[PDB]
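Shown below, as structure tokens, is a lone chain in the form deposited without the named molecule; questions about how it binds or moves come after it.
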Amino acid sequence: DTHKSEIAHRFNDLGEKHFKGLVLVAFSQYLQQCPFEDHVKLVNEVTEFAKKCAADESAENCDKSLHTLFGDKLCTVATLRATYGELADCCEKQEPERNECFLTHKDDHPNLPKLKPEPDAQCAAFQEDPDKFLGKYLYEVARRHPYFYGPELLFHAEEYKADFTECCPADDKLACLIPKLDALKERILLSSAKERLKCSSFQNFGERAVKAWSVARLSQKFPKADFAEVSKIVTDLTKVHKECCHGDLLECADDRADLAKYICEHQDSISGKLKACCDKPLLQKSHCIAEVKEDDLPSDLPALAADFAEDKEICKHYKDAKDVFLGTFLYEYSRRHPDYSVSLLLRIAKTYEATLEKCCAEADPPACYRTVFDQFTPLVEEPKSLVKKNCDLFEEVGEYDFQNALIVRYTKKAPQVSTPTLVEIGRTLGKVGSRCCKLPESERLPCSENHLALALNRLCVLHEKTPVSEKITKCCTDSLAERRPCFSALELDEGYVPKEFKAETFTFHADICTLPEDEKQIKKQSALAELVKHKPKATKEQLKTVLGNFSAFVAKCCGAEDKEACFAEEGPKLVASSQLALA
């Protein structure tokens, strides 16, 4: 009665509310186009089956694996071949082939309506049926983010509830909601980006990469913990993210809860910053641990030169246990460098490995590997200069212009990429500056590079969907640690052919005057990308000037009596003269 029914076990432990939540998320992520009602009935059916099994675990089919049961359920969906031309071919297969097929078919750019707040109608729908309202939130977010961290989404759904709980009762109801919903959306976009990076590391580089990344990060966050505790947490967390990215949202949640329990049981040994996190409820606790502030450096951190540089038997220790020795190094170097980005630590660790590989084949390895730490100095200075440079730009020109700079920089790197994707990436990269440049200067490098990694991964995911550029492919697939430097190193692609001019691309009309500011920016930034594509060798200062002229023209005509006549008269001349400005 314990080995028998996995679905009963999961139902019992997780409980009905979370069980149904996670199954809704999983179904919304696998079948992103189906209507809400379809998914709700699937969820209810599955829950019913779980409760029957919980009664009699020896009943028929209660023995079957979670994947088999979820996959079967997905395969009983109305109009599958019509809605999803491919996922039905997946339904011909058994597990685990079927699940791999499903995962293959997930869509990272489903191209759905933007989630626009409607305070009146939303509060109404929230009041008449809260469960249906929060379920809809889960569904809408889950399908817009098919790799979103399942329990994390349940946590955000609870924050969404709290927003509507405090705001709907009175007043504008929109001046209460809109800023809170805007903050929630930014947290959603961030959270998705982090989880997608973890899943992408699994997909593209494997579990050893995910472990290394986790070792680095957790060592930084918990420098007091010893290598055994870090290793344990990393093994557990890796398994957690493996199951979540693999689709096992139930295993995902259950192992995530166990890990939080363990961490809070050993918080004294792990970190002083976990106190607050451990006093909170389940979901909130996991959240808090995931985002916990880094603990203060221990006063008894060991000197590393003696064991990792000066020791004469390093080649023996390395040849004996490559993985273990390298892991120890990474733990030790990371815990004492919260001022480094995770990817920087991974590069340093690769350099350490490469130095040992080289030195241990030569006559006198000792004298060779004695200056290993000194090989880290260039790797450190490069990103520090970049961050310093870009923050100097950000603080001079502000987000918009900084974004414009990045949109130019990346369009020259990859002019074959679609204007929407370039705009999206450029704007995300620009937001990095707003997030990181204001922080204490010690935190600017880690903040900047870690968020850059998220944005570049987003670009790499879109590029997997729609491959256009071999340079992007190489940078996206060669080395996870080297991705940001690889991208930074790209110059203008001179094999590119300037896109043939099309006046309507740069032609504006009065409609733009009604848009909110950000959608107006996006229109202008799209034009900018198109300018670069047409004139790849134009300097960023030329493009900045031309875009200024375009911006001024838009502002004038939007303020005009006959806005449309203003556009009709002015636009064509600006369009013609721009070409000449961009030679």
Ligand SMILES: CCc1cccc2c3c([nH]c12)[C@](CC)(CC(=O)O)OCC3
Second form
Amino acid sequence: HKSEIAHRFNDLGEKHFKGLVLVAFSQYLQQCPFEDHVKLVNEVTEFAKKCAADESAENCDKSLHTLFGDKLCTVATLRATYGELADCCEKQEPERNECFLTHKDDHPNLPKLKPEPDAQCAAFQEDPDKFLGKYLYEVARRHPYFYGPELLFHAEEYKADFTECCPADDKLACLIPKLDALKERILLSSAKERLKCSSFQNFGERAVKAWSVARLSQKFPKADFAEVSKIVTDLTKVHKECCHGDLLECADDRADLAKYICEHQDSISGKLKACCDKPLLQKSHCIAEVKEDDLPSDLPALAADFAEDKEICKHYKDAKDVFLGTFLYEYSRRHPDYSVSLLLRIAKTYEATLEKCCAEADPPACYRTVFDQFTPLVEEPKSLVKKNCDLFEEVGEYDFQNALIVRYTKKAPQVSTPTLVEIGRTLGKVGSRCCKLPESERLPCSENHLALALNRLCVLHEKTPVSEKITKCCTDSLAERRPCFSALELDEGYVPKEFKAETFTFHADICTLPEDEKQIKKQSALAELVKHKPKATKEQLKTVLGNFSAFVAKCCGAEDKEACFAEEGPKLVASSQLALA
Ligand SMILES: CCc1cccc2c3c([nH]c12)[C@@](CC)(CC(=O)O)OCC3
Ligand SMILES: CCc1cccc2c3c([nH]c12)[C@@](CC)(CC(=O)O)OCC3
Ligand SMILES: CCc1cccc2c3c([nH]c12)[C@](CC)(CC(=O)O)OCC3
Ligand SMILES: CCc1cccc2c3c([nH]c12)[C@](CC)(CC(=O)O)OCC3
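Counterpart to the form deposited without the named molecule, namely the form deposited with the named molecule bound:
Expanding to the full complex; the earlier chain stays at the top.
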């Protein structure tokens, strides 16, 4: 286009344009205040309007990365606050943008955002545009790979909560359960999209395509191969652009894809009808989270073409990607009861069987039993989901999380206590989400969400690497991640952590904390116990943590809380060392 910025301005409209630009700037430089960003946004928008008037004007010819990057480099106190990004500003495009992306920050470690119901309603009423603008800023700078359009969607849910609850009788009780519900949903979108960006970064575009072929085929089993090809291609392009900070390009293609899917919903899925009767952002989001379609009656038998056919080696050798693509498509349609990564593991085994069999003297007799190689791949995760859900049903979320914190601290004791506690808690929430579902949905839910949690762990590991075992699981294979982490056991080389009694010391401040924040503190001690006594059994550790919980309960219920913690605390810390031998 003659002017790219004018094009995107005209298409998306001013409101979305300004939103997406705000988000973009908030993601790249997370430390600058909100009012500085507002000024950058306004300056870029004014330029787009000026360009939209006369597209042949000076500088309107420039690309989006040129104009956006130029703008980023004008920021006050750039070299001081972001030395790393200021190094990029000397470079030209496309080198500069690639430098910007390289030096983004997954753990900015900003202050936690408390929902302050009284004061936020006041700020909402006085200036809603500023208030909702601030929400975009605050979420974007804490989640640097969030997809712009999807954040704009969740901003409308946020606004809708504050219109409903601020005029109402009780401000907190209306708003708090809605805001925590919106948090959960926002965190899930973020986790999914970060996995897609992580898949590009670590494994490449081919990996994103294959994941997407598997998932879309499951969701849209009645869509023909060429239809799924079209959608995955466009979707992969959306992902690539949103992950590489091309937010205006991302919003446009994402909107076109939603439009396309809804134009052709009769040849894609019958579950899209309600999603397609919605406004722009609502529609895109609904499609992305649409339930799987019912299995077609006429799904083909696969043994003939993929196991029994006599010229598979020739067909495979002619074009591997097309042949395996076709296999993955067909096998994924008929298996909505498998996880995405299981399907990719099965495809990898299919490939491996043909690589082996087609080198042997009589290939067809070798590859005749190829589908039977899948049996042990299917039963391994089916057992672990049944085992863990049985455990979760028996003991509940808190004890299940503790079981996993012990499990993972033994695997990787070099990881920081906060990270181990975070990952064990997140992994435990998969039990509460998935084990309650119908049993045919348990496996996919579980493994699909474990992947999100493990990718979080892997991203944290890129920042602060501590363990070669984690690096191998994170970097070797996307499909093998969850099995790789499961296969890890206690490393027999790890030196048990130096005993500091201060680590296991509690005080009366714990008593006034919320129940979640109490658990976290106990769970942190649990991790530290494992670090000091790595060979202690899970039953020993559970028993000792029970003694910690009882101690905290009695002293928080005492007349003189601090005298109780001081007297009873050292006794418990000393005896607990002996109980963990
Ligand atoms: C005002 C409090 C609030 C309300 C609603 C949603 C959220 C989300 C968050 N806080 C919310 C956070 C931070 C911005 C939570 C986090 O990252 O821990 O990440 C987005 C969803
Ligand atoms: C149908 C199978 C298939 C086909 C083409 C490319 C890939 C890649 C993969 N599978 C492919 C994987 C998983 C997504 C393999 C892996 O990491 O184990 O990541 C690399 C590209
Ligand atoms: C166009 C709608 C859409 C269609 C089909 C699959 C997806 C997926 C997504 N959108 C999809 C998302 C969200 C779950 C990314 C996004 O937020 O845009 O991530 C992967 C799967
Ligand atoms: C190479 C990565 C790849 C992996 C798994 C399946 C597919 C499919 C494709 N690529 C795949 C294509 C092949 C035409 C789209 C494309 O890349 O042009 O269509 C859907 C099936």
